[PDB]
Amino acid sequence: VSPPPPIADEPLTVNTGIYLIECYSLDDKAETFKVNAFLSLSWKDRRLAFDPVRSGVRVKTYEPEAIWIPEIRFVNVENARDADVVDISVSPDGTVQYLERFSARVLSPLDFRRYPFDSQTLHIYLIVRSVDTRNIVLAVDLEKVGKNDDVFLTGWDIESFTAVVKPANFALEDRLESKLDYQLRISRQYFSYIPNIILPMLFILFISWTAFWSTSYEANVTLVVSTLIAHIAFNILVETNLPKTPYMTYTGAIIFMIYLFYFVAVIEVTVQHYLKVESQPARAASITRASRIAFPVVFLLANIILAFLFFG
């Protein structure tokens, strides 16, 4: 029951790693996802061993639950994980092997700075409660690095799983060596969003620019205002896909720019009508001809500037 005594005068090291089996339910609204995987642990019990038997009497000895096992916990998942022990075995000179399958609901945030073309990083953290004087300093073994189990996440793809680092944890300067970090890097598949959220809005905006080829005030007014109403309705329609956030994003900037363009178009139409009424047709014609070219060029330049600002 008791942990191995500090005979080696060196903290016990526990090599550990996880192996993914199936992950799913990565919703953007609650920043939650489910992970099912297999967790393995190793030991540094080489100086001594409670069962150092090496003869053929007990080949591949397996220990019961009475032997000591480390207790680890995930600091992100709410409630507690469900683990079922499946394999315990002790080799000569200690170094027992302990495998199990678990399930948890990790809590990791997302950064929607580049929502359609963003890359996220899901984090996994675990710690071990120290006992007596010797520490339980953890390490990582690259043989059981994980993944490689044909696991697929819909709407995303996986490029790496561990990139193992050991950041120094800090909690009121507690007596903890470090905390293990597991960073699942993913990328979004953005092709489906182009015909669904991007192109219809551009088509609606381009429809409103046909008012520069007409001289009817009523038709121009109807076109511009009804196009604004249609844009607002489309924004209501696709409000679920767009992320509600307390900071500034790319799509929000695009939408604000579209609103500004609608306002400027209304102003231009009113100015043209007023100039035509006061018997100055040449000025109105010149202004309309200039705007015909000015509007798309300014739109493209502003889009390029935003793309260079929002993506480095």
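We call the rigid core the largest set of C-alpha positions that still match within 1.5 Å between the two forms. Positions refer to the first chain, counted from 1. Compared with the form deposited in another entry:
Of the residues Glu71, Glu159, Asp84, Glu239, just one CA atom moves 2 angstroms or more between the two forms under rigid-core superposition; it belongs to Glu239. In this overlay on the rigid core, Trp213 has a C-alpha that sits less than 2 Å away from its partner position between the two forms. In this overlay on the rigid core, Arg134 has a C-alpha that sits 2 Å or more away from its partner position between the two forms.
With the core held fixed, the Cα of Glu143 is displaced between the two forms by less than 2 Å.
Please give the corresponding structure for the form deposited in another entry, as opposed to the form deposited in one PDB entry shown earlier.
All you get below is the one chain by itself.
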């Protein structure tokens, strides 16, 4: 109803704390996730002080109305959180303990430069706006920050959930505001990617390469082109789940490299057939024997160079 008047000019400090209960629905393309947690607040209000002995009580309980509650808002949320007050209590000296449970949908960008083996950081921002009569700043209560042991994300491993103690103060629309940053660090579970994507791709590439041990043109054409079709199908399957980015990723580089290898293999088969038709089997044999060793070695070297370039 009315913010507590200051003594002389001191600001009002509000202690915050978030306790995660459930987190779920991490969408890569939409770059969002949903959360379910507690919100804890604590400040000072001398007007509500009382004598414990006179009143015969040690804790008083107030309804959300008929009491001043600061307005805390999340910055990067799609809609205002749906919340419900759990409990409000007042201490004899004037300290107020506030608790509520909410749910919200949070927007946060993701970095996909190492997509199969990447780690991400998700941010939650709290802000408060100063009133025309009092200045309000935020702080962090280290005891009230935490998460449940049952919190799970489908496909991710949760590492930590901390908060930066120092807030950021800035002027927005001729008023002063304070901001807090809560960080949740997660890592991707990449085990399922190996036997479901990587190994079949290598098998198909080897089946394509086995055409350097034959001399029949039609069989070579069939092998190479059909393996190319299989590669296109796998590429569609993989790309349906990876969002478009303005930079170069590991997976895209590997896929482009495989396309280039298929093109060069077709070129080699055509060259060998053309040489053999003109009655020059010696050059064709030399080229084929050279390619048999040239292709895997260059593939391995290029893969090693790419790994050093993206993880070094």
